[PDB]
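The form deposited without the RNA is given below as one chain in C-alpha cells.
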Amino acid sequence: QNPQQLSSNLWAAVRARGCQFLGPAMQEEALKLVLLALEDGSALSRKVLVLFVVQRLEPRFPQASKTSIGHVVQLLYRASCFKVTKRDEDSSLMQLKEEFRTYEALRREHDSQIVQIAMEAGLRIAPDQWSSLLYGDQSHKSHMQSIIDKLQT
C-alpha cells in the first residue's frame, strides 16, 4: 500500500535472496560492464567476472566492491541469464545466454526478476513507482507495465 516502505521492503527482499540493486545509475553501468565482458561469448569464472566489473566500475563509482558486485551477478544468475559450465575440481565458468547479449534484453530480464521478487514478497508496486525505483525517472512506465503484464501470464 504505502510507497516509502514498499521501497525499503523491496530492497530488503532483494538482499534476502543474496542479490543487490546498487541504484539506477550504478546498476546500469555495472550491467554494461557484465555485457562488455560476456557479449562476445567469453566464459569467465565468477571470480574473474566480478574482478573485471569491479575494476572498471570503481573509478566512476568508488564504493564498488567485490561483495556488492557479486550480489549483482547473483541477481542475473537468479534471473537465469547465464549458461554455466561446471568443471568438477575447477571453477565453473559463466557465459551470457545468446538471448541476453544486448543491453536492452539483459536489463529486461534483470528488471523482470526484481518484479518477481516483489511478487514473492507480497509487495504490490505500480508501474510509476517501478520506473522511479529502477530508473530514477517517470519515463520507463510502459516498460514496467509490459513486465508486469507478462508476469500475470
The other form holds:
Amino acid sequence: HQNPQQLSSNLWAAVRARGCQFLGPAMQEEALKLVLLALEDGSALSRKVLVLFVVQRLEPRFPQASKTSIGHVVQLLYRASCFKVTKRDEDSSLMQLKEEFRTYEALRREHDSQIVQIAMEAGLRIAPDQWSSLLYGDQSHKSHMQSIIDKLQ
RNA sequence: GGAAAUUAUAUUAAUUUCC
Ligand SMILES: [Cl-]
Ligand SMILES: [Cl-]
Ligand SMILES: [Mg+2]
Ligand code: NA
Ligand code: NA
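Based on the form deposited without the RNA presented above, generate the structure block for the form solved in complex with the RNA.
Let's see the whole complex now, leading with the same chain.
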C-alpha cells in the first residue's frame, strides 16, 4: 500500500499528533541517557526540572534542543508508562523512573516499543529493517525491533 | 495535508506562527 517514504512521513505525523517527538538517532539516544542521568538514582523531578536538566546539557552538541522538543521526548516516555507520578494537590506532579526502567537498555526498549505502538494505532505496517533505519540509522537493531513487534502482538 | 515554538500537574488539551 504505502512505500517506505510514505510510511515514515505518516509515522512521524502520528507521533507528533500525540505530542511526542523522535529527534533522530544520535539526539534521541543522548536525550534518553540524560533522562537516566537525572532519574536513575530515584530523584523525583517535575516535568519542568527534567526538561531543564536535559535541554541545557544537549544544547552545545545539539543547538536545535528546545523546551518543546525535549518536552515531547519526555511525553513519549510518559505515554509509555515509564514514570511513577506523585500527584500534589494544586501543584506540579513529581516523576520518578520506575525501577525496571533505570538502565539505558530497558528504557530504550520501552521507548522503541511505544513508537511501534503508535505505528500500530495509526495502521502503519513497518518491517524490522525499516524500523532499525528509522530509530538507529543502521541495520544492526533489526532483531531488536522484530522482538518488540512480536511482544506487542 | 505537513512543520516549528510556547503554555500546562498532560497516557493529552490548546495557542501562536514561519509551508
Ligand atoms: Cl511486520
Ligand atoms: Cl510544535
Ligand atoms: Mg505560543
Ligand atoms: Na498536544
Ligand atoms: Na508515565
